[PDB]
Structures are given as C-alpha cells and as structure tokens.
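Starting off, we have a lone chain in the form deposited without this ligand, written out as structure tokens.
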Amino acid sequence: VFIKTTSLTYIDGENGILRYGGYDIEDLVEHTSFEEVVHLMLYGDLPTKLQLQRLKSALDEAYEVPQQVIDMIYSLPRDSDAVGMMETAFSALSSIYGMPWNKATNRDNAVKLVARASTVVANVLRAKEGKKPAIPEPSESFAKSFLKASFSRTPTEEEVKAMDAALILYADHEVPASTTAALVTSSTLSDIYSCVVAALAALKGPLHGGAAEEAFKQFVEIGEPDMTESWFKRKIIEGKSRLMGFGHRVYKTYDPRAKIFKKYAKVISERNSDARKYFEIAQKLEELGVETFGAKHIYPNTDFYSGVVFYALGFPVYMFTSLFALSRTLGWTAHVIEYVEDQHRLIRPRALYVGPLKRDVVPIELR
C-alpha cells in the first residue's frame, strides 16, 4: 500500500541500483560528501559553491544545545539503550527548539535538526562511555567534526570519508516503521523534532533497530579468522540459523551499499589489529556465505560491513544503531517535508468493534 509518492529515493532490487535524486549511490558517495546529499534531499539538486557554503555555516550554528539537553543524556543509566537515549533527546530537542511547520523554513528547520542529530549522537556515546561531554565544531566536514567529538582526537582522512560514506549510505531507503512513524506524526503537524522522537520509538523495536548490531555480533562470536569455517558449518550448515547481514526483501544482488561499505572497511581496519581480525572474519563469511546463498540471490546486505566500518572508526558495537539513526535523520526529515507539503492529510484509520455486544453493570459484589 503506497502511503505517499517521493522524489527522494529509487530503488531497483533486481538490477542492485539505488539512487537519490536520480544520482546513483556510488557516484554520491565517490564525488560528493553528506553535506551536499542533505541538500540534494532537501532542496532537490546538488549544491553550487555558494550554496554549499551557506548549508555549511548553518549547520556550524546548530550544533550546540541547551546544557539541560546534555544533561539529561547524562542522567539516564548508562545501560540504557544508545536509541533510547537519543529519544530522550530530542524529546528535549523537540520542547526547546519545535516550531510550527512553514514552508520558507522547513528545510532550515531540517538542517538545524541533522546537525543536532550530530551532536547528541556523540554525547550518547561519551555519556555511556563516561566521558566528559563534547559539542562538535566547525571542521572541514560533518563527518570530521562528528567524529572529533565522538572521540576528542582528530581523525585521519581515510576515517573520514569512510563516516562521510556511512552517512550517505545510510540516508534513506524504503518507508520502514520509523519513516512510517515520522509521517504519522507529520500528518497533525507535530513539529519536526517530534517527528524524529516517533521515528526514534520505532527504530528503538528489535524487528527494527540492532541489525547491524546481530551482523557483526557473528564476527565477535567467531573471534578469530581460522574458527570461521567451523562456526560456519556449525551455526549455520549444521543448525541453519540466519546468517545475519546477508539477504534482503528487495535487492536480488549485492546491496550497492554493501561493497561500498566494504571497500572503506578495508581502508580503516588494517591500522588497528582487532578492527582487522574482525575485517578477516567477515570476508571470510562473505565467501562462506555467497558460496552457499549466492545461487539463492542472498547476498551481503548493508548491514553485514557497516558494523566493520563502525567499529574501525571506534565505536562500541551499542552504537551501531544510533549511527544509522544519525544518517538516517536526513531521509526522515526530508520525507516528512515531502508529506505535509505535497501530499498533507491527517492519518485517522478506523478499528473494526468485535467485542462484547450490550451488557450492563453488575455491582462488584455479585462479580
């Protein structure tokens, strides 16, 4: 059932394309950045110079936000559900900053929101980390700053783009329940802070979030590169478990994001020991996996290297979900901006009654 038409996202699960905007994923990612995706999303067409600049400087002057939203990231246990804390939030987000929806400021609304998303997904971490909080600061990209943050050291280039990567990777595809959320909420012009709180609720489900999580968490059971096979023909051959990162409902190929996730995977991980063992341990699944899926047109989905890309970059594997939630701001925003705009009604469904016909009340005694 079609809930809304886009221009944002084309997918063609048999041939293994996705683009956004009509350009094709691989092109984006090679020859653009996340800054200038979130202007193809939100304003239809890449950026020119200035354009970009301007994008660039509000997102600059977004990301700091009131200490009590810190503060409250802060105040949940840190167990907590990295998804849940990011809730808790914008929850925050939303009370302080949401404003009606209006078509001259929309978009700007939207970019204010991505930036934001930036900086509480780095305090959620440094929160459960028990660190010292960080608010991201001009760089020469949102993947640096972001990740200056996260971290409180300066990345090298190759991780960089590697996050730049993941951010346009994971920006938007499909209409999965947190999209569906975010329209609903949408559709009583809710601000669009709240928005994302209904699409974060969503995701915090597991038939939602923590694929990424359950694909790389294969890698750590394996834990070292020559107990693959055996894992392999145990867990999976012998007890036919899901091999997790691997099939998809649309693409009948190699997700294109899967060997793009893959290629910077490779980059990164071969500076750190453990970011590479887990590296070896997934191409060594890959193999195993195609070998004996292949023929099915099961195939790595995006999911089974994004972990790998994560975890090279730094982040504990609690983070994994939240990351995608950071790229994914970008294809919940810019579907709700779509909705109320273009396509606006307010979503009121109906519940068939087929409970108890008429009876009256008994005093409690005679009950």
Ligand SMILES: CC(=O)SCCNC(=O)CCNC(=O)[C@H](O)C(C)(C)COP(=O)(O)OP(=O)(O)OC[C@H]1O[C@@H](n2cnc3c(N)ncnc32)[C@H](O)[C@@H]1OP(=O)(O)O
Given for the second form:
Protein chains: 2
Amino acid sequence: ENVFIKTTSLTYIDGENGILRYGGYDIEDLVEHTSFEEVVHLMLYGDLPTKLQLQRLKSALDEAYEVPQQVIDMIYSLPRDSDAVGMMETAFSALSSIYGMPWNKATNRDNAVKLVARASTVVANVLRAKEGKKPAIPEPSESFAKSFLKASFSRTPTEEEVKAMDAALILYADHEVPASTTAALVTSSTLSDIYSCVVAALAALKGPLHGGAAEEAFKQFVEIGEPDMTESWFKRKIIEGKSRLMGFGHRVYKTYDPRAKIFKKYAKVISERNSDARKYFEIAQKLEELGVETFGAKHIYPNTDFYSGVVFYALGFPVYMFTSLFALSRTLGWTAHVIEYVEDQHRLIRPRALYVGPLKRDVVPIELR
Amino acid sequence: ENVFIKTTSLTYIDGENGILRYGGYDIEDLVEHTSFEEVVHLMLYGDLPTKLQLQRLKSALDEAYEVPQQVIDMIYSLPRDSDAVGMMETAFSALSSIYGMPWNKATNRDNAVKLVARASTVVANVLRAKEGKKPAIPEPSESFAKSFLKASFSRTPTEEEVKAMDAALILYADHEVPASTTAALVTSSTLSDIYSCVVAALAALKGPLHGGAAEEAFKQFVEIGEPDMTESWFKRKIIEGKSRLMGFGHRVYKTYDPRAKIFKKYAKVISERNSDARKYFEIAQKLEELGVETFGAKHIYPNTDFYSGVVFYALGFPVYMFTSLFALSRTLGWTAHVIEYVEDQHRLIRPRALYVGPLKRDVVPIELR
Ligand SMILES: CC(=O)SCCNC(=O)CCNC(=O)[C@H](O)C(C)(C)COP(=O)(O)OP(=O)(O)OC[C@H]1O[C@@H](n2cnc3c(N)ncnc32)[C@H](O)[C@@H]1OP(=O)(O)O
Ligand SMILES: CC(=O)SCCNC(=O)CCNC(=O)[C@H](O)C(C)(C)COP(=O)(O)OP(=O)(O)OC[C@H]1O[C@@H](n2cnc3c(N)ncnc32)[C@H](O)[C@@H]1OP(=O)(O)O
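Form deposited without this ligand already given; the form solved in complex with this ligand follows:
In what comes next, the whole complex appears, and the chain from above leads the way.
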C-alpha cells in the first residue's frame, strides 16, 4: 500500500522520465564504461572502485568459486526436469549450512562478494545438471562474465558474448523492492545469515507471480516461430483476443524501460551469428514495432523482460534458465539491500493478525461430532 | 509497528488473562482431550474432525511419510555439526523441487497434510544424521507422535512419552505472526508452492533473534548442573549480574504463558524416569520459584520456552534439536496461515524503498579514481 519498508542509497528510479541509476550513476553509463565487478563494488561499498580495490575484489571472487562437492552432488541429485530456481534454492540452503556466518559490520561485504561468486558456480551447475553434462567450477579469467560463460558451456566465449553477459548482469542487479527482496529483508531481521536471506528470496522468486517474466515474453517469439508469422500472431492473440503483450508495460516506467534499450543493443550483435537466435531477435523486433504502434499512446512500452531472453538465448542458454540468470544478477541487489537494512535500520519484523474466528467453545468427544 | 498484516481465524490470544485458543478451543482442552492429528484438522479445516474425517487424515499422513532417497541423502551429506534448522531448510528446498504444486483451493489442505508428515520424516532424519545413525522413515502407528518418536530413536516409546510429544506438537502449533510466519506469507504472495513457503519460514527461524529460545532457556539448567547449585547461579548471574532470566517474560502475556503450565505438567511425568532428565527438571523448578519470587510483581513469568526443553530432553532429544522440534510443530501454523492468506486475502507483496543516496554523477575512468 505504497508502504516504505526502508531507505536506500542503492537504486534511484524516475518512472516519468525513464531514468535508472545505481548509486547516482546512470545505468547506460555503467553498462558502457564499467563491468559487473565494478558494479558489485558500487553496490556493496557505495563507489566505483580504484585499481587496487578492484584487484582485491577480483581475487576474492576467484577464491570463492569453489564449493564443496556435496553442494554440486545435491544439484545433480534433483530431478532433471525440476524448476531451475528451485535447484538454486536448494543449493543456496546447502551453502547456508556450510558457509553461513553471523552478521558482522567488518565482514558483511566480503561475505556478500563470496556469495555472488558462488551464485555463478550454482547457476552454471544448474544448467549443466539439467542438460546432463559433467559439473564445472568457474575459474579465474579476465572477468566474472567470462568465467561464468566458460563454466556454463565448456567453450571460450567471444568478446561480444562476454560483453552481453556482463551487461545483463549489471542490468538486472537491482530494481524496486519486489517480493524476493522483501523475503530477504524479513529473513535478515532475525539475523539469519546472508545465504539464508538469498534462500528466502529464491523461494519467493519461484512463485509465478514474480519469476518467469523473461520466459513468458520470449515464449511469444517461440510460438510465432518465423518472422513472417508475427503480424498474424499479433492480429489473432493481441488485437482480437485482447491478450496483453508480454514484456510490455511497467508499474513505474511510463516510457521505455531504460534497461530494455540496452538489452536490445546487446541482443542485435550476438543474435546475428546464429540463425535460430537471429530469427527470435527478428520476431522480437517486429513485435516491438507492432506493440509500440498499438500501445505506445497508452504509455505502454517494452520493459526489461522483452529483450533479455533474446540475449540469454543468443548466448546459448535454454529458456528454462532465464529466471535463474535474473537471480544470478539480482543476488547483488539482494545482498546489498539486506546489508543496508541490517547495518542501519534493523528492526525485528513483528506484524499482527486480527482474530476474526470463532468464539469460545468446548471440545466435544469425537462420537458426538 | 502494530501493523495488521492479515485477518485470521486460527489463533486467539488474550495477553492480560493468559488465554490461548485455536479455532475457539482453549489450548488446555485441546491438549487434554484431542491429539495433534485432530488439531491439524482444526487448523486446516476449521473444526475438530469426525471419526471418518480423522481416518482419512491419518491414512493421508501415513502415505506421505516416504520421501525420495535423494532428500535423505542430502540431509546426510551436510556437515554433521550444521545447524539442525539449516538442515531442515535444505531438505524442504529439495521437497519443494520434487513435490511443489500450484495453489489450488480443492487440494491446498491435502498438500499441507502431506507436508506435515514429511516434516516428521525430515526432523527424525536430521537428528539421526547428526548422531551418525542409519536413516529411518516414520511408519504407520497409533499416532503421529508415536511414529515420529519411533523413527527418531529406534525403540518403542512409552505411552507417557507419546502423550508428552503429542502435547508439545499441539502447544507449539501456532502463535502470533513472528518473522518465520511473515516470510512464509511473503513467499505465498507470489504463489510459490507451500513447501517453498516453509523454506522461507525456516530461513528466518535460523536467525538468532527468532530461533534458539528453547535452547537458551535450557542451557541455563545445563550450566547450573546440579539442583543444589541453582541458588548460587541465580545470585551471581541474575541478582548481581542483572542478566534476564531466559524463558521468562513475554511481549503479550502479562501472566504465566498458558503453554508453560502444560509443558511443566508433561515434563514432570517423563523426567522422573531418567536421573539426568530428572536433575534438569529439578533445576528448572527451583529457577522458576526464584524467578517468580523475584520478577512476578513485574508481570514477568515463565513462557512457553522455559519447560519445553525439559520435555524434549526427557524424550531423548539433544539440545541441538530443540528449535527443529518447534519447527516440526509450527509447520502446521505456517501452512494454515499461508492457506488462509492465499485463499482469502491474497495481495501480491510490493513495498517501496525511499531513495536517500547520491545525486546524479558521471562515471570516471578507473585511473582517475
Ligand atoms: C512474473 C510473470 O511471469 S507475469 C509477467 C508476464 N507479464 C507481462 O509480461 C506483462 C507485463 N505488464 C503488465 O502486465 C502491465 O503492463 C502492468 C501490470 C505492468 C501495468 O498494467 P496496468 O496496471 O493495467 O497499466 P496501465 O494502467 O498503464 O494500463 C493502461 C492501459 O494499457 C493496457 N495495458 C497495460 N499493459 C499492457 C500490455 N502489456 N499489453 C497490452 N495492453 C496493456 C491496460 O489494459 C489499459 O488498457 P485500457 O486503455 O483498455 O484500460
Ligand atoms: C530467540 C532467542 O534465542 S532470544 C530468546 C532468549 N530470551 C529469553 O529467554 C528472555 C525472553 N524474555 C524477554 O527478553 C522479555 O521478557 C520480553 C523481551 C519478552 C519482554 O521484555 P520487556 O519488553 O523489557 O518487558 P517489560 O517491559 O514487561 O519489562 C518490565 C521489567 O521486567 C524486566 N524483565 C523483562 N523480562 C525479564 C526477564 N526475562 N528476566 C528478568 N527481568 C525481566 C525488565 O528489564 C523491566 O525491568 P525494570 O523494572 O528494571 O524496567
């Protein structure tokens, strides 16, 4: 009910003007001129890092990728058709049991850095389990994005692929206070460890009113199948059937979502080099044109979910991974919000329930019921 | 901030008068004259069951105890010194991935019944893992309490032991809206499956501002060691050191907590038959006398956590299990609250964060930082 649950210095949103900033820096500026590691430092420490700061952060990520074999075994023992976010939830519960530490001002940010690394290991292994491939642990490389793509796919990505993944990680890092962030905050109020805060976030993200938006948008393209079929699909499903166009519209943004233009940019480059990926990009682009022509006068435009799937697909990720890829990115926003909350504004969360149930009554023996 | 998050028909509390009712039935009446299975039916369906209702409920519990071997393997692959609530969290995430189903009015309560059974299987196996014993799955018996104790300990409990466990399960089933229930509710708002609602609850319960109260109260008795040492401990720690007496005091109850008198009753019976358990019961009883003599005029009295540990210890549970035993019971209240919430009063949870961070600034190249 518009209820402000906390203050933040992390993320500024201007819905009327289409502006998204992390720590005062415009999202476009961050994507073009920084890197996910730099944005991790910005969200956790409040500024972009110096060379030496960046170096220490990178070494901390590198040493954190390795998790115990038992975590990997658990991922690989779930049914291969299980929801990927659910597999992440299970892996993060195990990480919580192994690594969880108490809240401590001096080490909270170091603990979050290690968790973000381990999110990379988990997501790469969730993909590989579902695909029936052998496990792989991310290894040091020139960047977090590159290490994640190499672990995921066992081939060296191109620079354009790396840059697209890096962008996606920045783009999805934080936004508003959705149910997943709220669950993390509630969990943090009892001083549950940071890994368990992420477990709760993932539990909420698994729900189909929160998770699955990138999948639902991209599934439109899959159903269309070929670019020359787009107009007909749009005539039948949208114009005649009055379905909403998935990946259009936003509760805050009354303009294009600033993230959507950036996902689009990166989709174009990497989609062209595979004809399947190219086909989906061409279908999305035609739907975007039809959608803005039809709904732009109502202040309904592409949102961040419209082109993110196109990027992930072009990278080699199946559709079943898209919300998990969101989660990979959003671990930064979850951890940064809970650290802000615990360090500044820790109230123990204790709401009430109004009793509207039966008045006093006496137990009757079962034979008399 | 006294903020009513929902209505409920489950649990009525009168703090001034020391009254606790489930569905209009006084807690004392339920413990004496019903059973945990009957209270499961009351919380989920709104009344105590008929014979035929009870029978169908019991068969549904019996068929639900068995879980896949992979869930058991996961419990047994965590470090044996891991927090027991964390092990539960991991097992419930795996159960969510295997069994999680969408919300459906016709089947929500059946899904909750099966989850409560599986909570029995999980908690029994968490104990057994930590103790380095072979797994055991609960099997049908005369009651849920008995099946749980037999799986836990591989011996047939006495009737008095059964009745104490049954009481404990009823006593802890629901109370107020603590952080664990709040996390469950947030998770349910996205329509995440009931098992993931419990995962979030357990994530919050792991935090030391919510979990661990029965352990902290009972650890006082352990430190005292022998009944003839109680007065000295109380003189030193409480009178001179001004520590609070753990398991005394309550934010709502300004009288004895109605649950505390019932835990006491059941502790007396089963404690006498082992001299270690008897010693702790005698120490607790002497502390209670000292505590009420010292703090009763301030409306500070024993709470539900004071004697629950004594019951659990007398049953054979180590101290490390006490919050997990709470959780076993409270799965009923968690599932019943989320079902009420989703079916009646489902609002998608979307609070806001007020931005107080930096104004607009431009990215500077790393060399200039
Ligand atoms: C987690 C999941 O998987 S679910 C995610 C999948 N969903 C999507 O991809 C669609 C996302 N977008 C939306 O649902 C919405 O646009 C929200 C919910 C973001 C905004 O919806 P509203 O609150 O109705 O927005 P608003 O009040 O601006 O609507 C104005 C008009 O635009 C229409 N509209 C809103 N969104 C859309 C859309 N995506 N497509 C077509 N029309 C739309 C409304 O029906 C309304 O029409 P009217 O003139 O006949 O009244
Ligand atoms: C999850 C965990 O493991 S933490 C759980 C472990 N904690 C416990 O077992 C203790 C539980 N009880 C308490 O902490 C408290 O009694 C609450 C928090 C339940 C109530 O505390 P308050 O809000 O201070 O209650 P209240 O305002 O009634 O206090 C009145 C007086 O009684 C005192 N008091 C309150 N609880 C206790 C206690 N348990 N022992 C001794 N004195 C107490 C207060 O200090 C106050 O003293 P004063 O006259 O010098 O001001």
